[PDB]
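The chain below stands alone and is given as structure tokens, in the form solved without the ligand.
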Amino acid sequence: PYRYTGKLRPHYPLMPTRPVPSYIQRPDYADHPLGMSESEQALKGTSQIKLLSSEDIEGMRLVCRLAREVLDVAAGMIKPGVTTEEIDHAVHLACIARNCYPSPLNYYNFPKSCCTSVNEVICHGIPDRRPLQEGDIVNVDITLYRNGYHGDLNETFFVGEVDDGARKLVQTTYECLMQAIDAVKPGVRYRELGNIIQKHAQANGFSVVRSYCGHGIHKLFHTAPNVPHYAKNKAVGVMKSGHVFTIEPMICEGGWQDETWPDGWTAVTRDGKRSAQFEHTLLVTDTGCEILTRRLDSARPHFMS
């Protein structure tokens, strides 16, 4: 009796959970039976935002550069016929090769090492046995953990040739993220970013997801500040040099409303239309921001080939 909102279905069974060799340092939730993070739990509910020290900034620069490396490994596998589980296996091995833990794995018992979100999946898709299809759009989200620091990014990819609506949605979502990043500097309120993002999305006939937001990220996977991507939100806080957080707008072809599959993770549009996302981890500097998850070797995201 769960009624799917679109054409996608989960493709089970999932391969048994992949172990991480014990020489890899693990975050606190990695061994919690329900994947709860006592770190996040202890600060649960705070508004105070960490000011990163010099050591912290080096730790974030490193983990975010490695996360970008792993996203670029995933990008090069996107093609019709490849399953999202195959992408996840490659990601898992690439994390370990970089002496990192794949942060999604066992986070609140999430069963895989990355999230793969096809078409109507807004976010948190679970890699499974479905082969990607020509015309699909697919987001891969990569978070790594190294020396106690997490770093997150994601990009949406085209699978083969896609339609004009897919290109417009993905281009517009990428523009929303970059307009938001351009506004980031000391003294800007965190609530302003959603105003920027929604203005661009709405001018292009798209909606903005409301149930998921950007967030502080560093020694905690998710912490203050909360960064909504829609307009006239009530986010608390003002950017300061030393703040680190994600911006990760989720833009929909139809309505903004979301619902979750029975698996407890996969977020889909309620109307079954497509969604796209891009994400970077940002460090606010004395005058602007440092895009810690930027590509270093190419000017553009992968969908612009």
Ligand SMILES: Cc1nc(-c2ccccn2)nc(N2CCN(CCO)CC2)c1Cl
The other form holds:
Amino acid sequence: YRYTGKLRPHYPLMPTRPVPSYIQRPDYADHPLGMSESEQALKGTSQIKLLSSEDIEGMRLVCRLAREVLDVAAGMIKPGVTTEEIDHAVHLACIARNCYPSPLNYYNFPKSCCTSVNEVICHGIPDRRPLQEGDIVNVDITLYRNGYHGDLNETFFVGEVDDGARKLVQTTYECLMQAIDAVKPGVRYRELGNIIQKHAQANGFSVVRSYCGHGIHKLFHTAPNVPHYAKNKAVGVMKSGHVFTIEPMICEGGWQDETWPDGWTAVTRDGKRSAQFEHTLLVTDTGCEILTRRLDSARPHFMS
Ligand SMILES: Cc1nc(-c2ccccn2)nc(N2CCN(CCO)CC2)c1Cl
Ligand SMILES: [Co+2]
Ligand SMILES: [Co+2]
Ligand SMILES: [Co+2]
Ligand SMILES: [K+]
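Would you generate the structure of this protein in the form solved in complex with the ligand, following the form solved without the ligand above?
Below: every chain and molecule of the assembly, starting with the one above.
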């Protein structure tokens, strides 16, 4: 394997972290290959769940808890902290909230959150590498509570970063918020990618194509598939009661990705930097409710 940039994995990984039996587990938690049979039973279906009030309460709770866990991770970002250490804090924070860390053993993913440094687009596996001053790093958190998953991510600065890093992260955040502003009943899922790419392109950035936003509720990833690039073939129209994510991955250079030998880590083929932000959204009548929003501060961590 020829690496695309300066990043390398730092092994060994500490042994898989257990989750006390008292915490309710998703179907895939105990599957030998971490396959989710409830998800697989809906593979290739484009029909979107309309959530009940019970479902909405469940989503509101789990998404609030997920935000709390992301905030825990935010507090730990500093030079010299390893991504495994962030993951350990995340793991314990989920457990403290009587939640299962959704990524853990999801299709055999070995950790409890994804840590995506610099050229890693998404699905970076927490390991022994200490964060370095100048790095940018995304932590993507998902929690499972009472049958419901809640999912968000933010990109962070490690110490002082360069102008390019600031522009990339700022622009990525803007793409997400411009797409969210457009969410309301009657809007086609395929429109969001038009908005996101318009803004990314205007700032000299490209939009990752291989990874998309997604339905989430009783399943971790489900209909609708939500591309972040222009002129996509996404199936569906937003309706009150739909829950899904928007999670644009944006790059300094080209949009092409490839995966490391670990089967997870997705990196820019050109080794330039990528950034991502993500919210879980509920479509209402005036627009939408940002379920994973901060409740106690106006802005994402990188501005604050
Ligand atoms: C966006 C996405 N993320 C993950 C993931 C996985 C591990 C940790 C964090 N995220 N998985 C996704 N999948 C994985 C397997 N799928 C079924 C095909 O085998 C599609 C949903 C998808 Cl579609
Ligand atoms: Co993912
Ligand atoms: Co996520
Ligand atoms: Co997501
Ligand atoms: K990154």
